[PDB]
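Peer 1: Got chain A; can you put chains B, C and D with the ligands on it based on the hints?
Number of protein chains: 4
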Amino acid sequence: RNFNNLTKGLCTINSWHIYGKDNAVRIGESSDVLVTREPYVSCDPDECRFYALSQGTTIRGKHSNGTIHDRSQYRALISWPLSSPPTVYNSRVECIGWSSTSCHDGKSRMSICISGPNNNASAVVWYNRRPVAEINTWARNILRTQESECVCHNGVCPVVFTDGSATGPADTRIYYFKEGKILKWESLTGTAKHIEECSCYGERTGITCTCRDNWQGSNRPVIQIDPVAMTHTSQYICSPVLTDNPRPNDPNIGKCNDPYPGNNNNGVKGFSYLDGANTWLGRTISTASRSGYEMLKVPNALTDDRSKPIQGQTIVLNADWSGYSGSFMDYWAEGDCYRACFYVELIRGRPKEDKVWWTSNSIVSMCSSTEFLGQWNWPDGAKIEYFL
Amino acid sequence: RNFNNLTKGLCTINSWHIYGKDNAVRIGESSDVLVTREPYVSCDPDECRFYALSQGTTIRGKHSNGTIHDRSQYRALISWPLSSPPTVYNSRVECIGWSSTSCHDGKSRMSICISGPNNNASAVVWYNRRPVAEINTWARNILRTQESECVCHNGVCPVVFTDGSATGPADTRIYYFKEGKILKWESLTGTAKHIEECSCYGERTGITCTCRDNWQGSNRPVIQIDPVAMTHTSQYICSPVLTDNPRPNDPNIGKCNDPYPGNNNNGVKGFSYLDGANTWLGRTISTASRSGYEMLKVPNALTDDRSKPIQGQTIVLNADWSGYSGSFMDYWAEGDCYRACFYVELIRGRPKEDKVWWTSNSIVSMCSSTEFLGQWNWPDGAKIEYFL
Amino acid sequence: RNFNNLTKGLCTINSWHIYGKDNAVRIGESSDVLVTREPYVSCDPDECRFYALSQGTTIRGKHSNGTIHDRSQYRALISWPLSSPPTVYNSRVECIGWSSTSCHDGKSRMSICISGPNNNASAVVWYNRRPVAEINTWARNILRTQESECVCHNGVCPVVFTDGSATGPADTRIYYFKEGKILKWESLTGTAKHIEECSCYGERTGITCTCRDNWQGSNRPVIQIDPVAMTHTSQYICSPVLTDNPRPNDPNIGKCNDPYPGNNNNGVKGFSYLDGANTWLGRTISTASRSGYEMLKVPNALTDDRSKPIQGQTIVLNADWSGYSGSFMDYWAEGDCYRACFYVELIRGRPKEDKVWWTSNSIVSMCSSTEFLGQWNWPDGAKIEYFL
Amino acid sequence: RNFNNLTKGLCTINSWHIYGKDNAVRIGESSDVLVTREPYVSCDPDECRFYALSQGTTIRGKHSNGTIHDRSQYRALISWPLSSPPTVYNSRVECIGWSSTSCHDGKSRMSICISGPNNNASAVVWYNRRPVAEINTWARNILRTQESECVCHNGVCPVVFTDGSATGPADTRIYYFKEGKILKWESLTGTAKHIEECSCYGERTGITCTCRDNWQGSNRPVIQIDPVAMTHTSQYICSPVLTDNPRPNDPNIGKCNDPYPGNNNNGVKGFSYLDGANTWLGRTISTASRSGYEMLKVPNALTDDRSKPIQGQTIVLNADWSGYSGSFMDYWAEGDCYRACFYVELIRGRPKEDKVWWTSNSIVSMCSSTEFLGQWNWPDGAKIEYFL
Ligand SMILES: *[C@@H]1O[C@H](CO)[C@@H](O[C@@H]2O[C@H](CO)[C@@H](O[C@@H]3O[C@H](CO[C@H]4O[C@H](CO[C@H]5O[C@H](CO)[C@@H](O)[C@H](O)[C@@H]5O)[C@@H](O)[C@H](O[C@H]5O[C@H](CO)[C@@H](O)[C@H](O)[C@@H]5O)[C@@H]4O)[C@@H](O)[C@H](O[C@H]4O[C@H](CO)[C@@H](O)[C@H](O)[C@@H]4O[C@H]4O[C@H](CO)[C@@H](O)[C@H](O)[C@@H]4O[C@H]4O[C@H](CO)[C@@H](O)[C@H](O)[C@@H]4O)[C@@H]3O)[C@H](O)[C@H]2NC(C)=O)[C@H](O)[C@H]1NC(C)=O
Ligand SMILES: *[C@@H]1O[C@H](CO)[C@@H](O[C@@H]2O[C@H](CO)[C@@H](O[C@@H]3O[C@H](CO[C@H]4O[C@H](CO[C@H]5O[C@H](CO)[C@@H](O)[C@H](O)[C@@H]5O)[C@@H](O)[C@H](O[C@H]5O[C@H](CO)[C@@H](O)[C@H](O)[C@@H]5O)[C@@H]4O)[C@@H](O)[C@H](O[C@H]4O[C@H](CO)[C@@H](O)[C@H](O)[C@@H]4O[C@H]4O[C@H](CO)[C@@H](O)[C@H](O)[C@@H]4O[C@H]4O[C@H](CO)[C@@H](O)[C@H](O)[C@@H]4O)[C@@H]3O)[C@H](O)[C@H]2NC(C)=O)[C@H](O)[C@H]1NC(C)=O
Ligand SMILES: *[C@@H]1O[C@H](CO)[C@@H](O[C@@H]2O[C@H](CO)[C@@H](O[C@@H]3O[C@H](CO[C@H]4O[C@H](CO[C@H]5O[C@H](CO)[C@@H](O)[C@H](O)[C@@H]5O)[C@@H](O)[C@H](O[C@H]5O[C@H](CO)[C@@H](O)[C@H](O)[C@@H]5O)[C@@H]4O)[C@@H](O)[C@H](O[C@H]4O[C@H](CO)[C@@H](O)[C@H](O)[C@@H]4O[C@H]4O[C@H](CO)[C@@H](O)[C@H](O)[C@@H]4O[C@H]4O[C@H](CO)[C@@H](O)[C@H](O)[C@@H]4O)[C@@H]3O)[C@H](O)[C@H]2NC(C)=O)[C@H](O)[C@H]1NC(C)=O
Ligand SMILES: *[C@@H]1O[C@H](CO)[C@@H](O[C@@H]2O[C@H](CO)[C@@H](O[C@@H]3O[C@H](CO[C@H]4O[C@H](CO[C@H]5O[C@H](CO)[C@@H](O)[C@H](O)[C@@H]5O)[C@@H](O)[C@H](O[C@H]5O[C@H](CO)[C@@H](O)[C@H](O)[C@@H]5O)[C@@H]4O)[C@@H](O)[C@H](O[C@H]4O[C@H](CO)[C@@H](O)[C@H](O)[C@@H]4O[C@H]4O[C@H](CO)[C@@H](O)[C@H](O)[C@@H]4O[C@H]4O[C@H](CO)[C@@H](O)[C@H](O)[C@@H]4O)[C@@H]3O)[C@H](O)[C@H]2NC(C)=O)[C@H](O)[C@H]1NC(C)=O
Ligand SMILES: CC(=O)N[C@H]1[C@H]([C@H](O)[C@H](O)CO)OC(C(=O)O)=C[C@@H]1NC(=N)N
Ligand SMILES: CC(=O)N[C@H]1[C@H]([C@H](O)[C@H](O)CO)OC(C(=O)O)=C[C@@H]1NC(=N)N
Ligand SMILES: CC(=O)N[C@H]1[C@H]([C@H](O)[C@H](O)CO)OC(C(=O)O)=C[C@@H]1NC(=N)N
Ligand SMILES: [Ca+2]
Ligand SMILES: [Ca+2]
Ligand SMILES: [Ca+2]
Ligand SMILES: [Ca+2]
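Going down the list, the protein sequences come from chains A, B, C and D.
Heads up: the first sequence begins at 78 in the UniProt record's numbering, then just goes up one per residue.
Heads up: the second sequence begins at 78 in the UniProt record's numbering, then just goes up one per residue.
Heads up: the third sequence begins at 78 in the UniProt record's numbering, then just goes up one per residue.
Heads up: the fourth sequence begins at 78 in the UniProt record's numbering, then just goes up one per residue.
With the rest of the complex left out, here is chain A:
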């Protein structure tokens, strides 16, 4: 087969339909379902799969005790069939670590896992299920990457890494891989002041990443990557429709080249589709906690610092827990355009539900529709008392 080429634009987004949901925590109440977090979705040319970071234990297993912990030697990036739960028996390990990305280039899949102690972490780059390249920490402060799929164009797969402080200036690098080999890496340029956990998608013939400013910003940093020239720019979403969490209330003027202030030293992984008038932003409903999720149609959110919603859709009720969210597309589907998709992580357990001693999640996933479809709300569905 061939390297996939980003030759298509996004489909028109008039609503979102249900694409995938695994009900992991519901099922894992009485099945050998693996504790996970930081999930995402990524497609091969013949199959789409769920991904997450395992915690090396099942939910009912006693080792689930204390899995709010982010980084341990018992974590690993796993994938499993679409809308199935991540079980001990059906899960395929891609690589070992506690921060990851993964993407198919049309021929084979590249997966990257970061492992190690905070001051000595390292990334291993896997291609065609074999280890190919390794990158050592350059700032010795929790080397970390996207926690969602990367995008490939003609065999070139850009990945965004960050090494350094989570509450101040850090050292962010965009790496360009082909077949697992390092072609080139760049220091972060542009006006974005802090970069974490970029959510990327590809469209003719560029790659757009919506990331997390954990330092001072409640608006989201945007990195736009050219995968042919292997260059990039950065700024923020200009829109006053702020999409981080926690975050202040929406002003009437956003910020294009600086963080919008109000909430320091925190954030959540999130995403957006920036496509002129076809722009949709995702965010939690709450401005304080990781609860609820909605999609908002905000024309020219990227460049218009006055832009407001003209349409929207509720994905998760504010009364229900959410969490991380990120973008993905099936680049091998039929049609003239790429259908925009995303997932929402539904975190259950700690810190918000400390009656149990574990932290896991399930996945809900949506794709766009050119129809104006009715909306439902998609909660995790598990009842905590059952786990007591």
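Everything labelled a hint here was simulated from the structure, so no lab data went into it.
Among the hints, erroneous ones may be present.
Same chains, same label: a pair holds when it works inside one copy or across any pair of copies.
[What the hints assert, rightly or not] When the alpha-carbon atoms are kept at most 16 Å apart in a straight line, the in silico EDC-like pairs for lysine to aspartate or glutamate are as follows:
| # | residue 1 | residue 2 |
| --- | --- | --- |
| 1 | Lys255 | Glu411 |
| 2 | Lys270 | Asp248 |
| 3 | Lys258 | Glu448 |
| 4 | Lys85 | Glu263 |
| 5 | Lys460 | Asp303 |
| 6 | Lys184 | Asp147 |
| 7 | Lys258 | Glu411 |
| 8 | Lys184 | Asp121 |
Peer 2: This is chains B, C and D with the ligands only, laid out in the frame that chain A set:
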């Protein structure tokens, strides 16, 4: 490969032999078997599989509590290997929803799931395991479809949908799909007064659907579809051998173009094979509850309003619970004719067995034989007290 | 690919080496392992698999209570990977019933299951995982067949069936199938007075079946089938080395054309390889119960009514339970000769161990070696008290 | 496809990165994970897999009681997907026995299992998942082999066997197989005085085995095999950096042709990569017990009896249990050189943790990097109290 063409007639039906049985509830007493309901069977050119709507939990799982509920965000259409139980680990999710159909066209499989709230439901059409088309509710009252396989001819797959009241006139549409794309849709024509949960099979070169009249009828509505012209007619089974449930006792004159009265606002999904003198009707043995199942040979049941049984076979004893039933065939088997098959849903738990708080089912499945084979009876086999 | 042709003779048998063992009961103490009985082994051209009749429940499942029962609607012929246990999740159902056979012809597999009540049982013949032919009971008294693999030559697969009394004259038929279709069937001819559960193997270019006389005989009936002419003969193993169970002590003169007396109305499925001086007989060590198993080299056992052992090998200690045993070969292995193989069923639970209320089994399997290898003993290995 | 040829040298080893870890004991606390020991890793041309000797029971299963036992009829060589746990459902049995090796030759896999009583054990050689050759015990004292992968060159796969005393002179043989057939076998030559459990790797165009001296030596025996000529030599690692366990403290002069004294009648399976200045030795950190693991860069360890470490990396903390370790490489990866890999067995339970009555293990696995990557430590991660 090629699109399957309905070039064959039905085989002669002189009896029914055992084809499949999963013993799900028996096995699920001490295994991670998924709670399901509304099951069916559908074949690929190289494999036949069980299908059902999952409830997003195992039987022993505490979340099975309250699964008599029909529609929730935790349901999904799953398939699994023939005569295996639907387990957490061996089940493949086809799409997310609480009403479905699915069928192979010879090249790839089309699956359709409906999800959403009662006044805003929507169908997503999957083809080759990718979402292709979406249909929004047109009557805003539980958009719903067949709950058994559809039939394809030369790439054209007709599906029967209903939107609107379950106790009065509703808005029924026949959709014609090819490769997941909507070719055409039609409003329901003919003399059938209410349409739900059609059970279809294909024979040279038309498609016959036996459905459920939930309004006033205890005789079954029949839709006959021409998949080339993409047109249809409707009426009832003329036979006084009434095959819904609940239902009145068999009269000596049936009704061809109107519901036979006696039982309002209720029914069960059922099926028939209408083939002149090769006609076999299926039904529950009880006229009051979903218990028992039998096949009755009723010559010209479709057109003869005096027709009576001349042969029969017991499938499930009246002392045993049954439920939904529907038709399917292996259109890729060897031979000159299509062998008629069906399944019976064996519902266990609520409402009829309320010592437990769940509702699930297992599957028994039969196909026709040109031999006159001895009959057995096929109960679910699970003992409720074990679940207490 | 092509139909397999029996073009080779048996390899020289100088000992037996371990080939397969699943430890099902050991593992099933704390895993979802299916209760089974009547197991065997059968090879495809690219894989060899374990087979058995499931009881439709796991060992720990409460439904295992009463599985000493031979025939129920919850039984089915399952296969699973070599030396794995028969679990809920890894088992593939071949067909539904409580008596079976199965064999590959080089192109596809034919499986046959008998189901039904005692006076109305019927066999369904599956080929390439599709139902092809059906045979109704001709004597209305537990229609039953081999409970081990059949053998195919040039697409022709002979099967031995018996219908009628287990304690008197019965109606035995040899059926000849090709691609699941009935080519011909014959009434049992020769001097064998009672036929049950034949164990067959194929060698240039005939098929040899060693069966069970449940009526009066403690010597074993032998059917020799010509798969080209589609004809057969029958007699007993002439050897005074009696190989049924229960059985009298070995005399000095056996019987060639009549049952050797002493034990009526009982027996066990067993096997032999009859190959001139390369002859090996299998049997239980005990003459009273299904315990122990040994192979005995008895030159010309088939024709010499004075023949005695000149070599042997213990397979299972007399202190350990055994059960059914049968023959199989990999007809697609490399080499000039067919390597003789067999399995022993290790029955655990009732009737011999009635502290538990279930009956299951595990499998040990051996093949011949041209070396003179050391012997071990192969017990089931499960400790009953753990199940209490 | 073709026979793999050892045409490449080792890559430069500047550090080790994480390659695989299964967390079996953590996961097996609440999942059907098989009790194992003596694990290793071996690659096919399209997949790499974990291997181990099963104990025929799960960890939570009551039959895990007493699995410190080395040799029983319930053991078997199993393989399962990389970094998954060895579960009942995902494990593939390769052959039956309590001592093993296995390796792909580029076309198919050869697996060897030894079973039997101590004075009558025998090896069965499997090729392409079929039994091909058998070797009887020649010294009648626990016939035993490598417990890690073998290496093939042009279809020739050398295996090191030992039969005889574990505390004195034994009879060691190097067997040369092709497609499972015995080409030739040799008695052990050279200056190595005792040989057990060789860990081998292949490099242009020879095979290097690092073994265990269980008699008098705490330095490791090295066998170097020529797979074309089918000949070999033996000696010890000259280095004073002693790498057995238990072992004395490191002297300043090692031994090239005799055992370094201090610890009798004990040892552990271990490995090394001997490549001039690219030499790395593995060993436990403790000199007394199987705890901890480290890699040490020791230039010319094989020939220089004064050589000392100039670089190193901790793999497992001394406070954590280790166990067996062995070498493997992906001989089908891309590149100009072979990347050196190894695994460490992390033994949990008895004898060191006798609060539980079982003995199992999990696996950590590493490969080399030409980068100088930061190090972590990789413990098993299971907490014993959970199992009480
Ligand atoms: C079956 O399903 C269908 C399909 O899903 C359902 O229909 C959907 O219903 C939902 C819910 O109502 C809609 O989502 C909302 O959309 C509105 C935007 O639509 C309105 O505004 C448009 C823009 O108007 C402006 O510009 C135009 C320029 O021409 C001008 O005309 C106008 O006067 C004004 O100047 C209108 O164009 C639009 O009209 C169109 O749509 C109508 C249908 O809605 C139709 O009838 C019309 O004919 C026309 O076609 C419409 O009036 C979003 O604004 C809204 O999002 C806000 O509200 C939710 C709360 O519900 C909140 O969570 C959001 O975050 C957002 O509110 C925050 O952000 C604002 C901007 O920063 C801020 O000002 C707010 O104060 C608020 O801020 C606070 O909350 C946030 C959140 O925590 C916090 O962060 C802040 O700090 C602060 O605390 C919804 O997304 C769908 O659009 C609609 N879809 C369709 C296809 O109709 C249907 O209801 C279902 N049926 C049933 C029976 O249930
Ligand atoms: C081993 O296995 C074999 C194979 O399975 C077993 O053999 C099978 O046995 C079963 C059970 O007996 C049979 O099923 C029944 O079949 C009859 C129909 O067959 C009879 O009627 C035929 C038609 O006769 C009429 O027309 C001809 C025209 O020529 C005329 O000759 C005749 O005088 C009359 O005018 C006859 O042709 C037929 O004869 C043939 O078959 C004989 C074998 O049966 C053979 O001996 C003959 O030589 C000849 O070849 C035969 O006489 C069905 O009527 C019946 O179904 C009714 O009964 C069951 C109860 O058992 C009920 O559940 C059904 O729903 C149905 O009864 C309801 O419907 C009627 C119509 O509406 C109504 O009038 C009834 O009052 C009743 O209604 C009530 O109940 C329902 C249900 O709840 C409710 O909804 C209503 O409101 C109301 O309450 C059976 O299906 C198989 O046909 C037969 N198969 C074979 C191959 O033989 C064998 O027994 C097994 N062996 C052993 C040892 O067990
Ligand atoms: C490592 O592994 C190796 C390989 O496995 C082990 O070596 C094996 O050891 C076993 C056990 O000893 C052997 O099995 C037995 O074989 C004998 C037959 O071998 C003997 O007899 C041969 C025939 O002799 C006759 O004919 C020749 C003609 O030339 C003539 O020379 C001779 O005088 C006599 O006329 C001899 O050829 C043979 O010698 C050869 O082998 C020797 C090694 O064994 C070797 O040293 C010699 O040099 C020569 O090469 C040898 O003497 C079987 O008879 C025996 O089976 C009987 O006994 C067991 C009990 O152990 C019983 O269960 C069997 O069913 C059978 O006994 C019943 O059947 C008889 C016939 O009907 C009857 O007469 C008996 O009374 C008895 O009947 C009773 O019990 C049954 C069972 O319940 C019941 O049904 C009845 O009603 C009644 O109650 C064994 O199978 C292997 O052959 C041998 N293999 C090899 C390769 O050596 C080695 O031991 C292991 N090492 C260690 C350290 O453990
Ligand atoms: C992030 O990750 C990185 C990468 O992993 C981390 O960096 C790593 O850190 C580890 C731990 O410190 C290092 O491993 C140790 O390496 C030393 C060897 O390196 C030293 O020695 C070299 C040789 O020196 C000699 O020769 C040269 C010839 O030119 C000469 O110059 C010199 O004077 C001397 O003559 C030096 O070349 C080397 O310098 C280089 O490296 C420096 C960085 O380390 C760098 O700064 C320099 O500029 C230069 O480039 C360096 O000085 C090993 O010796 C050591 O292994 C011993 O110690 C451990 C305990 O920690 C022990 O377990 C080992 O078994 C071994 O000690 C035993 O064996 C000896 C030999 O038999 C014996 O003499 C000892 O007494 C001891 O024996 C006792 O214990 C054993 C064990 O139980 C027992 O069996 C005995 O019986 C007895 O009881 C370590 O392996 C890595 O090399 C290093 N890697 C890199 C790339 O830097 C970094 O730290 C991490 N960052 C953070 C913040 O954590
Ligand atoms: C490498 C790492 O630990 N990344 C963190 C992430 C991180 O702490 C923040 O972005 C601060 O830099 O926060 C969160 C979070 O829940 O907000 C999950 C991630 N956990 C994992 N990726 N395992
Ligand atoms: C969409 C929906 O909920 N369909 C119902 C169905 C429906 O209520 C009746 O046909 C009335 O219209 O009844 C029943 C039933 O048990 O009779 C199961 C179905 N459940 C599911 N398909 N999930
Ligand atoms: C065949 C056999 O039993 N090999 C032993 C091995 C052996 O005892 C020593 O090398 C002494 O010769 O020791 C050990 C050990 O834990 O040190 C595991 C092995 N267990 C297994 N391979 N099953
Ligand atoms: Ca922030
Ligand atoms: Ca009705
Ligand atoms: Ca008998
Ligand atoms: Ca030693």
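Peer 1: Hints first: check each against the structure and report whether it holds.
Peer 2: Hints and how they fare:
For the identical chains of this complex, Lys255 and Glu411 are inter-copy neighbours only, at 13 Å across copies versus 25 Å inside a copy, given an alpha-carbon limit of 16 Å. Proximity of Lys270 to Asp248 under the C-alpha cut-off of 16 Å is restricted to the intra-copy arrangement: shortest distance 10 Å within a copy versus 56 Å between copies. Proximity of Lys258 to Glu448 under the C-alpha cut-off of 16 Å is restricted to the inter-copy arrangement: shortest distance 13 Å between copies versus 42 Å within a copy. For the identical chains of this complex, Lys85 and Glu263 are neighbours neither inside a copy (26 Å) nor across copies (34 Å), given an alpha-carbon limit of 16 Å.
Proximity of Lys460 to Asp303 under the C-alpha cut-off of 16 Å is found in neither arrangement, the shortest distances being 45 Å within a copy and 48 Å between copies. In this assembly of identical chains, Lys184 and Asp147 lie within 16 Å of each other by CA distance neither inside one copy nor across copies; the values are 32 Å within and 43 Å between. Taking the shortest Cα distances, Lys258 and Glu411 sit within 16 Å of each other only across copies (11 Å), while inside one copy they are farther apart (30 Å). In this homomeric assembly, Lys184 and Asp121 come within 16 Å of each other (Cα to Cα) only inside a single copy, at 9 Å, whereas the closest approach across copies is 20 Å.
Of the numbered hints stated above, those contradicted by the structure are hints 4, 5 and 6, listed in ascending order.
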